[PDB]
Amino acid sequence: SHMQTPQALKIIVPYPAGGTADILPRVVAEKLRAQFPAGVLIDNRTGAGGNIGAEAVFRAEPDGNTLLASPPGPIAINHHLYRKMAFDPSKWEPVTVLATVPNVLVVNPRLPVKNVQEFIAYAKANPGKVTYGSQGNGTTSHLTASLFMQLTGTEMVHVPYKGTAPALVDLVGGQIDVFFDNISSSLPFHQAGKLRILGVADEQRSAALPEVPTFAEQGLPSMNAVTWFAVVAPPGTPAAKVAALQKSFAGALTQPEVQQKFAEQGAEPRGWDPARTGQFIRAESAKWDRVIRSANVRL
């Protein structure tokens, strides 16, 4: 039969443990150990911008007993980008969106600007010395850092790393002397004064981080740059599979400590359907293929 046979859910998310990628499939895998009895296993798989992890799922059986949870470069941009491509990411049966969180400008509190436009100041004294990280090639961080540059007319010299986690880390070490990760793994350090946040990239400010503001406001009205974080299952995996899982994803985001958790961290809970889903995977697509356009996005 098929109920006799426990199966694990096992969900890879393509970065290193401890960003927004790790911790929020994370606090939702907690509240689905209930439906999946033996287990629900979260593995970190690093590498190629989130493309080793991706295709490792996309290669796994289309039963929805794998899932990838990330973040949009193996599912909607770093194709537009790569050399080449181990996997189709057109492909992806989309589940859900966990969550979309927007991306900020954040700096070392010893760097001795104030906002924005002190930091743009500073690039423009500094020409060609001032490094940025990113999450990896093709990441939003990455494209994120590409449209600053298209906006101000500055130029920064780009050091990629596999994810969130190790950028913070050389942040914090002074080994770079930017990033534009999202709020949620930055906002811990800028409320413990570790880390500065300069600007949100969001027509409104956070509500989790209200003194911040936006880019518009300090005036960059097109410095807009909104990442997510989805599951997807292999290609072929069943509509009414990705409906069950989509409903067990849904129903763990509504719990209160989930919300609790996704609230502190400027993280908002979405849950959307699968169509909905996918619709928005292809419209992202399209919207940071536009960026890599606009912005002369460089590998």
Given for the second form:
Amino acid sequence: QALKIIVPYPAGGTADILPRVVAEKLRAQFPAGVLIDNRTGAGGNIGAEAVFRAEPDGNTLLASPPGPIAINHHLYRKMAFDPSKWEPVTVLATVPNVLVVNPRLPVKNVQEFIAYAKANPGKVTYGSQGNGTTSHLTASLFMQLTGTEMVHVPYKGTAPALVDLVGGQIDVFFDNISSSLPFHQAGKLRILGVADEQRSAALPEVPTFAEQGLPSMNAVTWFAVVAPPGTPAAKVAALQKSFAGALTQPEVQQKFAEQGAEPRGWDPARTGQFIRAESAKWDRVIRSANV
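Would you mind giving the form solved without terephthalic acid (UB7), to go alongside the form solved in complex with terephthalic acid (UB7) above?
We keep it simple here and write out only the one chain, dropping partners and molecules.
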């Protein structure tokens, strides 16, 4: 019985790399092999649906960022499955979002940026990867927490947005840390804040938003494993224990750090609470801003 893990995003990105690094460590346990299948489309809904439908024996699993687990059903009018019915296994890792600005912007930190945005109401421009994306929703969270108003400029993905931020065609981007990190290290962008409960290992000198007085401003790309509805608890538990064991291995922790990723390996109970908490949080953000 081979373990099939569907990643509903292309090969070669973070969503693909993390479950692959982990699955490399699981080989001895899964003699019939561990197979990562990439199935792109519809915000992860295409791959997600294939797992949702599969036999709930724990040998078909979805390894995904949040979209098809906790977010999409708040964005998409109708979908082929109900995300609230996923059986949680684990969270492999978290990659925090950050507030990044063009260095000519005359702000040094979050409070200064907040003040700039309020003195220049409706004028500061933020890029995103498109409506409903993590960058769009993170910006929306920030604005609802701070009562700032900023102009949305949607891009086809991260690279066009990052190019415009570097060039100065937009003022700000709520990027994932690994995208912006090397630009910040070369002083070519300025990361003001990390939207997480603790600082990032990859950027020890940049404070969190909590430490800059905005403690509710947490926004991370979490990579979870979930099983089809009705997968038995004992199988779920055995799988999570296996994933947690791999995340211990130094080589896995190093390859995760290389992506800006903090390993988690949370137990099924913790994982479920977190997902349910995230669904609620992001629905609340989407309603206050629209889809």
